[PDB]
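Residues per chain, in single letters:
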Amino acid sequence: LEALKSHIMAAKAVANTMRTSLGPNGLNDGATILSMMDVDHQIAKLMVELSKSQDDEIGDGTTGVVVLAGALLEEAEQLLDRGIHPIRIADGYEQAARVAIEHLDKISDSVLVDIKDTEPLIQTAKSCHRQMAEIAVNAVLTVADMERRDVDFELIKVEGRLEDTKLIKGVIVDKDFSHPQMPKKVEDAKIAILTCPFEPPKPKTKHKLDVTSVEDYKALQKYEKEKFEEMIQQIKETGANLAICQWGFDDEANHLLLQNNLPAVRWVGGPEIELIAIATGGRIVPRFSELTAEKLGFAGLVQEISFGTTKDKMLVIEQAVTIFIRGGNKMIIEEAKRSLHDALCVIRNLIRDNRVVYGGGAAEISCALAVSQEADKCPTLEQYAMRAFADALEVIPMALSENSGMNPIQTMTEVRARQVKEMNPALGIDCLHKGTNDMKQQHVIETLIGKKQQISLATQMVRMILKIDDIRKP
Amino acid sequence: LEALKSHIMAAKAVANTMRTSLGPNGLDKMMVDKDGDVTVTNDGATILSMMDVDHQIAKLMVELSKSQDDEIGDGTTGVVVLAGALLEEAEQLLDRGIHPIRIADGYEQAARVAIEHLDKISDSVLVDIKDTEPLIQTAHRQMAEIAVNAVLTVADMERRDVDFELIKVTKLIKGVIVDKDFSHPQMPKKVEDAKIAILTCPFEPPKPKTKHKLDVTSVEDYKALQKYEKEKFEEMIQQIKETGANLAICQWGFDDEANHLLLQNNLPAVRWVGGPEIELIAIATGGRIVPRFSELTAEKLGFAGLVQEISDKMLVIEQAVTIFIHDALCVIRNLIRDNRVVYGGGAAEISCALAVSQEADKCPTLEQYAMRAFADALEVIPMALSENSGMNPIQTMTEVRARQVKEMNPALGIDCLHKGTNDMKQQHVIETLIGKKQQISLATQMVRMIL
Amino acid sequence: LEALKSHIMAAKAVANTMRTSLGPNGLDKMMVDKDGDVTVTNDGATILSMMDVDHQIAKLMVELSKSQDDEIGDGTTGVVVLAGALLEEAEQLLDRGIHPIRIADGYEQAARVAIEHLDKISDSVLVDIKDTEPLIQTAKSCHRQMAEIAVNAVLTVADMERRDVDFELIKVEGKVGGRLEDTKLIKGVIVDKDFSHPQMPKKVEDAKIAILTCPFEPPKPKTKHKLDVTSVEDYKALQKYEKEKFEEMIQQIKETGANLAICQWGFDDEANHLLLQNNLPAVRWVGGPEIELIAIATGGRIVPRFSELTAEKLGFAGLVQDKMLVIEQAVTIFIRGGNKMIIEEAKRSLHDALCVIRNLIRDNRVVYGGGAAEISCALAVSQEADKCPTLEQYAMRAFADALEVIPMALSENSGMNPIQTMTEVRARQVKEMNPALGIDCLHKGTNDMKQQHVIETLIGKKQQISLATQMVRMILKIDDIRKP
Amino acid sequence: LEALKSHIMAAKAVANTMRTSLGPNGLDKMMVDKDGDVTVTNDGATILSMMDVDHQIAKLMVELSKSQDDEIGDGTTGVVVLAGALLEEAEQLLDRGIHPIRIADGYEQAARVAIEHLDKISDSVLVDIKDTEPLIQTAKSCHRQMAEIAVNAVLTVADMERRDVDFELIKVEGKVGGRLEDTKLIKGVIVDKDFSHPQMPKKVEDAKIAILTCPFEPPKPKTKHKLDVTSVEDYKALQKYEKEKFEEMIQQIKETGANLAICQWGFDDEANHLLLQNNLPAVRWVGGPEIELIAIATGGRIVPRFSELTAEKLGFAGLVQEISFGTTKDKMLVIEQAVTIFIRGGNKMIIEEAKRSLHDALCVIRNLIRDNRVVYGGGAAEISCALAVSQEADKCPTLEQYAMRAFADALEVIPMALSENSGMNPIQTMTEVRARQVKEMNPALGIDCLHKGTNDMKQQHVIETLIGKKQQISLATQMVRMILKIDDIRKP
Ligand SMILES: Nc1ncnc2c1ncn2[C@@H]1O[C@H](COP(=O)(O)OP(=O)(O)O)[C@@H](O)[C@H]1O
Ligand SMILES: Nc1ncnc2c1ncn2[C@@H]1O[C@H](COP(=O)(O)OP(=O)(O)O)[C@@H](O)[C@H]1O
Ligand SMILES: Nc1ncnc2c1ncn2[C@@H]1O[C@H](COP(=O)(O)OP(=O)(O)O)[C@@H](O)[C@H]1O
Ligand SMILES: Nc1ncnc2c1ncn2[C@@H]1O[C@H](COP(=O)(O)OP(=O)(O)O)[C@@H](O)[C@H]1O
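Chains as they are written, first to last, in full-length UniProt numbering: chain U, 31 to 57, 72 to 170, 180 to 213, 218 to 376, 382 to 536; chain E, 31 to 169, 182 to 211, 222 to 363, 369 to 376, 382 to 387, 403 to 528; chain C, 31 to 170, 180 to 360, 369 to 376, 382 to 536; chain S, 31 to 170, 180 to 376, 382 to 536.
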């Protein structure tokens with residue numbers, strides 16, 4: 031049994047590590077903290093990969109996920125001391141999780157779309182953020198489904218006065234394309250995406266190619282050039298226009314492309330190939346034998362663009383959008399991308415589910431209330447498990463008050479008392495010493511599907527850990 | 031949790047290290063580096079540009095005090111000292127049970143109080159004519187006469203205020229001067245209307261990428277080989293001469309009769325210049341750099357009006383000035414951005430401490446205490462100065478503060494040079510409003526980040 | 031704070047070493063004497079008595095628990111196990127950040143709530159005519184006999200005409216060797232110590248007894264005194280002097296009647312012979328308690344000098360006859389059994405019975421045990437806790453949980469699933485409105501503790517909850533243990 | 031200077047151990063007795079009485095505190111807490127370069143400011159009629184009897200004649216067993232010590248008491264000699280000799296008409312036999328104290344010589360009674376002329397809480413007789429005094445300025461500690477309470493460390509006796525001054 035308590039102490043150590051980074055006064073962004081911190085325990089490795097890739101790619105609030113999981117396990121230990129089997133604790137945790145998720149529907153205030161309604165909600169995820186809200190709303194709406202379904206994913210990425222921030226109709230990419238004397242504007246680009254090397258086909262037998270004179274040296278250069286010309290014709294045989302290429306060719310070879318009118322980009326990175334292959338839909342060609350008119354990107358416009366000193370190229374009309387934040391100072395960016403990411407994510411969740419619950423611990427407290435209600439009407443030991451789930455739900459408001467210098471148990475208990483007395487499920491922690499506790503008066507929303515993903519994912523992690531023993535590491 | 035007092039102890043150790051080098055009576059520091067010479071000097075700008083990094087917070091003290099202040103002001107030592115004082119008081123606040131967030135917020139509010147109070151203390155300096163010069167005498183007046191014009195040549199003087207870091211070191225040159233002669237003197241010693249071709253590429257024949265082992269037999273093929281690579285070199289000369297070409301600046305060299313190959317082709321060049329010289333010329337003449345192996349175009353060439361060799370070589374009619387033979406140019410630039418000044422010697426810190434104290438006396442939430450702490454933190458600048466001049470620190474500082482309240486003179490402050498009547502006004506100890514604002518705001522950013 | 035958590039750990043260990051011996055299926059625990067015998071027995075009173083302690087907190091617990099509850103009767107184990115539960119909950123409250131003083135205050139609140147609720151659970155028992163015993167067979180084959188012996192012994196030895204108190208001059212003498220049920224109630228006192236010199240008559244009518252604590256020594260002098268015998272005539276004069284003063288002692292005793300004369304110290308084998316030639320018969324080597332029992336039972340005197348003996352102070356006993372003392376001015385119970393362990397166990401159960409009777413005389417209200425009263429008090433405490441704002445709230449709820457350790461322990465001691473049985477009995481108690489519903493740790497089929505008759509005395513349970521709350525309050529308020 | 035900062039660390043250690051035991055919610059401190067019982071109680075006087083006396087600075091604080099405050103008042107904890115606060119504040123002034131003498135002089139200045147401000151804060155209380163009793167309940180659930188017992192104890196042994204100062208003539212005897220309500224008021228004296236014999240009359244009425252300090256011993260020569268008895272007849276003659284002189288001393292006592300005779304020192308096993316058969320009730324082996332109580336209570340003079348007394352120097356206790364308490368027994372003197385309080389409670393340690401609590405009540409009443417002015421506690425007087433000290437501090441030039449401000453802050457340790465001892469946020473609660481004192485102009489507003497009701501200390505009736513607080517701040521300033529002026533601690 032002790033292995034379970036060891037796991038509980040490990041995951042509890044992770045959650046306690048990430049408690050102080052919860053809330054606006056955190057000490072952060074738990075997504076980056078988990079994405080960077082290295083973990084020794086396998087249970088700590090399992091705290092990540094479940095909180096990171098499952099929640100950062102759907103919603104946000106990863107810190108709340110790991111903290112809630114740590115509280116759940118910490119209560120589950122005290123439940124283990126009474127002799128309750130871990131399967132019972134996990135089942136009760138699942139039942140209480142159902143209760144809370146259902147209570148989210150009862151707390152939820154619904155917001156509409158298509159006329160503001162989301163942009164003002166985006167002003168909360170941060180003048181400095183009105184134009185960014187506009188760019189996020191129009192960005193998601195540009196690549197949104199909206200033919201009911203209400204599911205559209207991140208085909209949108211951001212590149213590094219902020220009033221000059223643009224929405225790029227297609228895809229922006231670095232790398233001026235090989236030799237400036239090439240046509241700076243390719244119209245209807247039949248892109249050839251190649252991840253293959255540019256070397257003559259070397260025979261696979263004993264070489265020792267003893268070139269004895271300068272004449273045979275120049276002839277060797279002429280052969281090495283001839284094979285490359287053959288490659289140019291092998292590419293232009295199925296749609297020229299452009300040729301995205303990882304690997305380079307250097308000065309002598311570049312000309313041959315220019316002379317043969319085949320615009321091309323030199324040794325792009327890992328991305329910018331996947332980026333352009335997704336934008337233009339053209340399949341990548343990795344081999345020097347497997348390219349045709351079927352594996353070609355279908356760009357409508359490709360052009361090189363300068364900014365005084367450096368220059369990058371854009372490709373628009375592609376078969382699906384990017385955000386270009388030009389603002390200078392370069393200390394602002396990578397942080398405008400965080401609030402803008404929260405914008406795009408909150409918008410995506412609002413398209414998926416247009417219901418919001420009010421944060422600051424309010425929804426946590428009222429969910430703990432509902433779970434406690436469904437616990438007081440139950441026999442079997444799962445009763446204690448449900449009450450423990452409520453107590454674990456009440457760690458988010460406690461953690462907020464803690465990180466804001468307030469007395470956690472006192473302020474949390476008083477706020478819960480106000481939630482029961484005033485029938486207001488939006489009363490929570492102040493966190494900023496800013497007026498009242500009414501979160502709707504403070505504009506703190508958290509998108510029902512996001513909170514539901516928090517509770518559900520934390521429950522999944524906790525149940526998985528509540529099983530697991532023996533860890534057979536070599 | 032305990033890591034806060036530890037990090038505060040480390041950054042405070044960095045501050046106490048540089049406490050003795052503050053003021054005109056500051057102590058020098060040996061500071062040798064890797065198996066080389068020794069550079070004895072005070073002025074914490076170069077001290078923090080060196081100083082091995084012990085803690086991660088110890089490095090965090092640099093580049094915030096260094097890159098944020100040296101590029102706007104110069105008072106880096108005051109920045110790190112003030113930061114160490116703010117953290118040292120922040121520890122005492124952490125003893126009372128204050129949360130660090132409230133300490134940082136109170137430090138921000140008090141910083142607003144002081145920065146705004148500087149506007150009230152500020153004296154105005156006039157521009158557009160001669161007598162910005164004598165002010166510079168505070169930071182053989184010729185240097186001043188050189189500095190002012192040196193900025194004014196590359197300054198806007200209208201409302202955009204950008205002239206940053208384009209000047210370097222008894223006369224002023226309207227362009228840029230660089231070393232490294234013309235490489236083979238038979239070249240034109242005065243290139244006129246120079247379409248400078250700045251290439252940072254190697255000069256080698258394009259070797260193939262397959263198995264070689266060139267087995268040249270009998271001197272015949274040896275001479276044929278030398279003639280071959282010289283032929284390709286001539287092809288390169290025609291690659292540059294195809295685009296303006298008037299002059300060619302190269303990071304790599306040739307180092308034989310290849311110079312003649314240029315001379316016979318009439319393409320003057322310069323051999324083996326460094327990076328922080330190629331960039332200097334490239335921005336000076338506005339000529340894009342060519343990195344790839346002689347894949348250039350006519351737009352990536354400099355357009356310098358005149359470049360000539362002198363008994369080194371000079372580049373004029375460029376764009382963008384150099385002084386032919403900083404402590405003044407920074408003050409001048411700050412005066413152009415904002416012509417308001419405050420009086421140093423710790424006076425501005427004492428009056429700002431008074432303003433923060435007053436604005437803290439009527440205050441609710443615990444940030445009150447923090448603000449009070451901030452005031453005391455500022456008063457470390459006078460005391461330290463007194464300490465560096467052998468005077469009783471708290472005695473002298475208390476007297477100067479009491480006089481600043483009694484006489485309503487926000488310029489009374491430490492006369493560490495033991496010269497005169499404690500006034501700083503008729504002592505000409507000036508500190509340029511933007512500089513002091515940058516000090517307070519920067520130290521506040523460091524402290525609030527460590528918290 | 032860490033020192034307080036260590037104190038909670040030591041106290042919790044003391045409780046864990048005790049909860050296994052709670053209830054009728056309680057385990058035994060050897061507890062060897064000081065390089066001597068053993069005493070295999072549950073009943074946490076003797077356990078805490080014979081237990082030596084290491085930690086000062088444990089020492090404090092062992093002193094405070096026996097300081098009151100054992101002087102009341104049963105429940106000495108419930109004090110330490112309930113204290114351990116309260117401290118174990120108080121730890122989980124400390125981890126939340128609640129100050130210890132708030133936990134203690136909430137524990138006092140819940141203590142008053144539960145103690146007030148016991149008055150509502152309470153029933154009533156009558157004390158004037160018999161059939162108190164049905165409440166006594168619960169305290170302990181021959182339960183009716185022992186119950187009648189205890190009730191008669193207490194009702195004989197009691198004020199009861201107001202004052203409502205009982206002073207235990209009841210002596211329980213257990214003689215190994217008998218037939219399990221030959222236990223008799225003797226209107227008088229019985230002690231061992233045979234008559235000195237066998238030829239003294241084993242029967243004294245109208246025995247006027249002289250109780251002495253003086254040594255049978257020649258009248259010694261004071262000051263320095265060095266005695267030098269210079270001739271055989273002075274040696275014989277010494278022996279004759281001591282015989283003279285001795286017979287002076289005997290005649291001095293017989294001047295006041297003195298049919299018998301118990302003495303605490305011994306004789307000389309020459310002494311008891313001179314006592315045989317006179318009609319004095321005496322007993323020797325009795326002992327302090329055994330001469331106090333005779334002192335108040337016979338209307339004695341206990342004089343430490345023979346020469347100051349007067350007839351007015353003699354203790355009258357109608358018949359002195369081990370040796371029995373009947374007809375005097382005081383009752384004793386003579387337990388008889390078989391294989392060395394019939395008694396001592398009969399002594400223990402009889403002690404429990406006498407305690408129950410005395411407490412019933414003090415307060416004739418009872419609550420039904422088996423953990424039922426603890427569950428009902430827990431329901432009341434949590435109910436009042438839901439109607440409380442400040443942090444004390446939590447503490448009160450914790451107190452409730454702490455109470456529910458008494459069922460869980462009992463269940464645990466009878467092989468049942470503690471959580472499941474305690475929860476089932478708590479739900480059955482909520483729905484049936486039956487506060488006399490508890491753990492059936494004897495496997496009798498029923499759960500109603502009114503049936504099966506499990507009694508616990510109101511003031512006994514009150515003393516349990518109050519004393520345990522006091523101990524937990526002290527342990528929670530202690531730090532900086534000096535140890536000079 | 032390093033020695034001085036070491037002294038500050040030791041003193042502030044003594045303070046840090048005791049600020050947790052400040053207020054009604056103070057922690058208990060186990061402190062066992064060397065190899066015996068324990069004494070678990072929150073009380074600065076007792077905690078400093080035990081107190082691991084290690085550092086000479088700590089022993090110095092323990093010396094001064096009990097040397098004055100506990101001998102005149104009671105507030106022994108706030109002296110050491112405030113002293114530790116003042117030294118901890120003085121450390122940062124030492125680091126600023128301020129000389130210790132300037133610091134101590136500043137603490138004296140601000141201490142005078144606060145002591146003078148207490149007079150402004152002071153309120154009043156009446157005497158002789160029922161007004162003192164209720165404000166004894168605050169010296170703490181049946182404490183209504185505590186007030187009555189203490190007030191009747193001070194007013195029975197009345198000063199009444201003015202000049203207004205009086206203590207000793209009150210003993211508190213505690214016998215374990217019972218409940219707190221069993222505490223009864225006062226008639227005369229109650230001491231331990233059974234008589235001297237079982238058959239001694241347990242009730243000696245109209246007892247003319249003989250108070251002796253002599254031994255009941257036939258006087259020895261004292262010259263180094265050896266008593267050699269050569270025959271049994273001379274042995275008997277010795278017994279008759281010393282019995283004879285014993286009886287001479289007995290009849291020497293009862294010739295003055297002594298119905299009772301206390302002895303204290305010498306009393307053999309033959310002596311009480313000869314005193315019983317002579318019908319002279321007597322008690323032996325009584326301490327030095329509990330005899331002058333008999334001398335003043337029964338108006339008798341202490342007879343020194345081996346029975347050279349007259350009826351002029353005898354007692355006159357109306358009824359002497361021996362009382363049993365289960366197994367032990369005490370001796371009480373009623374109808375005398382000096383009183384004593386008999387306390388019951390049981391549970392081995394309740395009769396200690398209630399004992400020193402009653403002591404605190406008696407001290408409060410005595411201080412009210414001295415000066416019937418009080419300030420309202422709960423840290424209110426400390427906060428108001430801190431406000432005054434800061435007011436005078438901002439209007440001061442030389443470095444004493446800083447010291448004065450320090451003193452202010454030091455005072456505010458008393459509220460914070462209280463807040464800390466009640467689970468509240470100390471800095472926030474103290475700050476808010478002080479701001480409320482400024483706005484509402486209510487100097488009787490301090491930490492509600494009992495969590496019951498409002499904030500103003502006029503309700504809850506928390507009084508402090510002006511003389512007590514004045515002597516508190518004065519004594520703490522004495523400690524801090526002495527420690528500041530100390531270095532070099534030699535200690536051979
Ligand atoms: N303005 C606000 N006021 C109160 N609580 C907030 C506010 N903004 C965010 N929070 C709370 O902070 C919690 C965690 O967010 P944060 O600490 O920023 O990182 P993450 O979103 O990764 O958890 C959320 O549960 C939310 O309730
Ligand atoms: N002549 C002077 N009289 C008084 N103070 C001076 C004088 N010159 C410089 N100072 C003070 O010295 C401080 C620090 O300057 P210094 O130690 O030379 O390097 P840095 O400017 O990098 O801190 C300034 O804040 C200024 O107030
Ligand atoms: N026959 C019984 N049926 C159910 N419970 C019982 C029975 N006898 C005793 N108990 C329970 O056992 C508990 C402990 O009693 P015991 O261990 O004998 O001594 P103590 O009362 O000192 O703990 C009591 O609280 C009582 O409720
Ligand atoms: N009922 C109360 N309410 C508020 N404060 C109190 C109360 N009783 C005592 N105090 C405070 O406790 C402080 C210290 O008293 P205490 O802890 O009993 O030890 P001492 O009397 O030795 O100082 C006093 O300054 C007083 O202000």
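Treat the hints with care, since some could be wrong.
With a cut-off of at most 16 Å between alpha-carbon atoms, the simulated EDC-like pairs for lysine to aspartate or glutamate come out as follows [to be verified]:
1) C:279 <-> S:273
2) E:263 <-> U:256
3) E:259 <-> U:308
4) C:535 <-> S:84
5) C:259 <-> S:351
6) C:265 <-> S:84
7) E:263 <-> U:135
8) S:275 <-> C:267
9) S:226 <-> S:84
A short list of chain E residues far from chain S (calculated; beta carbon distances all over 12 Å) [as the list claims (entries may be wrong)]:
10) 278
11) 371
12) 417
13) 443
14) 464
By construction, these hints were calculated from the structure, which means they are not laboratory data. Every residue, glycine too, gets a C-beta built ideally from N, C-alpha and C.
| Holds or violated: residue 275 (chain S) to residue 267 (chain C), with C-alpha atoms at most 16 Å apart | The hint holds at about 14 Å.
| query | Is the hinted pair residue 535 (chain C) and residue 84 (chain S) satisfied, with a Cα-Cα distance of at most 16 Å? | reply | holds, 13 Å
| message | Hint check: residue 226 (chain S) vs residue 84 (chain S), CA-CA at most 16 Å. Holds or violated? | response | Outside the cut-off at roughly 44 Å; violated.
| Are all beta-carbon distances from residue 278 (chain E) to chain S longer than 12 Å? | holds, 78 Å
| Check on residue 464 (chain E) being off the interface with chain S, judged by Cβ distance over 12 Å | violated, 9 Å
| Between residue 265 (chain C) and residue 84 (chain S), is the straight-line Cα distance small enough, at 16 Å or below? | violated, 53 Å
| query | Within 16 Å, alpha carbon to alpha carbon, are residue 263 (chain E) and residue 256 (chain U)? | reply | Holds, because 12 Å separates the two Cα atoms, which is no more than 16 Å.
| query | With d taken as the least Cβ-Cβ distance between residue 371 (chain E) and chain S, does d exceed 12 Å? | reply | At about 57 Å from chain S, residue 371 (chain E) clears the 12 Å cut-off, so the statement holds.
| Far enough from chain S: is every CB of that chain over 12 Å from the CB of residue 417 (chain E)? | holds, 31 Å
| task | Measuring Cβ to Cβ, find out whether residue 443 (chain E) lies farther than 12 Å from everything in chain S. | result | Not fine: 6 Å to the nearest Cβ puts residue 443 (chain E) too close to chain S.
| task | Compare the distance between the alpha carbons of residue 263 (chain E) and residue 135 (chain U) with 16 Å, and conclude whether the hinted pair is satisfied. | result | Answer violated: residue 263 (chain E) to residue 135 (chain U) is near 69 Å, above 16 Å.
| Under the criterion that the straight-line Cα-Cα distance not exceed 16 Å, is the pair residue 279 (chain C), residue 273 (chain S) satisfied? | holds, 15 Å
Of the numbered hints stated above, those contradicted by the structure are hints 5, 6, 7, 9, 13, 14, listed in ascending order.
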